Amino acid sequence: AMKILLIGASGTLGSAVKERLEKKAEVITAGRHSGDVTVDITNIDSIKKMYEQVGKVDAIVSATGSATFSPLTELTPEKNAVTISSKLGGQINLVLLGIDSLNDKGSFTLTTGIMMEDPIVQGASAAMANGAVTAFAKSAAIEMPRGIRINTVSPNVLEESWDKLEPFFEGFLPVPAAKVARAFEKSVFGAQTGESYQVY
Amino acid sequence: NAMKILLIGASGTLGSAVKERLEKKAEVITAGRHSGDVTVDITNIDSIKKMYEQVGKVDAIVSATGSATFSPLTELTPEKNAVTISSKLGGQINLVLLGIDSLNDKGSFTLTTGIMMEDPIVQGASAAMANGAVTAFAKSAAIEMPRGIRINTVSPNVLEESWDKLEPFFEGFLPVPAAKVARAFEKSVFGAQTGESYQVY
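Chains as they are written, first to last, in this note's numbering: chain A, 272 to 471; chain B, 869 to 1069.
Wrong hints could be hidden among the right ones.
To be verified - No farther apart than 27 Å at their CA atoms in a straight line, the calculated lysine-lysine pairs in the BS3-like style are these:
| id | chain 1 | residue 1 | chain 2 | residue 2 |
| --- | --- | --- | --- | --- |
| 1 | A | 319 | B | 948 |
| 2 | B | 948 | A | 350 |
| 3 | B | 948 | A | 327 |
| 4 | B | 925 | A | 350 |
| 5 | A | 450 | A | 274 |
| 6 | B | 974 | B | 1033 |
| 7 | B | 948 | A | 320 |
| 8 | B | 1048 | A | 376 |
| 9 | A | 350 | B | 1033 |
| 10 | B | 948 | B | 925 |
| 11 | A | 350 | B | 917 |
By construction, these hints were calculated from the structure, which means they are not laboratory data.
Whole structure, please, built from the sequences with the hints as guidance.
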């Protein structure tokens, strides 16, 4: 009777993750504007209320988070802050505020991405977030109570986004969202922790 | 040829070892919160901008500064984690976002990370985050730098000169001399590489 809170279920990645997870578990979806529950991951009061409504689950999965894309020389601290509050801080806050919502031996899975290891123009801000979430999870894994696990999934650019994203990722070879969704399933239904699962 | 370096965090254990090396080869302008030729609160954007107006053009900007909350994971709240975000993480990155215009052609940035992102310890999650964030930012930023500017990071292990206080938290680690880590900073300033993370473990 396994129960998974999936935040970001309506996105491209999120919907491919839901497709795989829902075949073996009861998925509760959450998103900014749609889902079984709504949540603004940039607002800690919102995250706290989502956890109140949701109750106890076995896995919390984040396929969500926004980053500013800007040329470096026009990336100001003010623009950079939107990434910090969402793809970086928002994801990390789900963990900081969600540990008590997981059953024993439950898991967290967060999203990162290839831009941290394979940089592109406009991508410094996304890279920052990806590095931050990867390292936070590696470290947090050693301190989780009650047998809880935490991993990250690092996607390449998705085939399903190649039409819109190719000019940003010239010479890259995109990956299917369904291939990426498999690493989320590996995280949820596997037993490893502190891993960064690359789907490049 | 005549090198000018802005060293932020110069009064710290690491910073002062860095100053000692770089001094021999360049003019070092020191900066800190309460100490230095120029002062700066790196958590405050206008304060960083004022520092850079005061300083003018330099050849290198070196950050051996930035603080991270050192709390057990289950005690680490969003509020506590926000401190790291404004300082070791956001403070060091903002020195880059606000300082490119202060670098001479072919100048460099050097930022500080740490072993806690790679060889984690209890209480280290927030510093790990900051270190990972800064490492990845620098690697990506390196490809967008104008005018031949370089950017690297230095990632130290626990320092021998801090081992007295830090040993209970790093049991079984083997600490490194601050003098050895300072060589990596010299490598970043005086060498010609970019997008590098120089581990001194």
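Verification of the hints:
1. A/319 <-> B/948: Between residue 319 of chain A and residue 948 of chain B the Cα gap is close to 16 Å, so the pair holds against 27 Å.
2. B/948 <-> A/350: holds, 23 Å
3. B/948 <-> A/327: holds, 25 Å
4. B/925 <-> A/350: Holds: residue 925 of chain B and residue 350 of chain A sit about 25 Å apart, inside 27 Å.
5. A/450 <-> A/274: holds, 22 Å
6. B/974 <-> B/1033: Violated - the C-alpha atoms of residue 1033 of chain B and residue 974 of chain B are around 39 Å apart, more than 27 Å.
7. B/948 <-> A/320: holds, 20 Å
8. B/1048 <-> A/376: Violated. Residue 1048 of chain B to residue 376 of chain A sits at ~42 Å, over the 27 Å cutoff.
9. A/350 <-> B/1033: Roughly 38 Å between the alpha carbons, so the hint for residue 350 of chain A and residue 1033 of chain B is violated.
10. B/948 <-> B/925: violated, 36 Å
11. A/350 <-> B/917: holds, 16 Å
This entry does not satisfy hints 6, 8, 9 and 10, going by the numbered hints stated previously.
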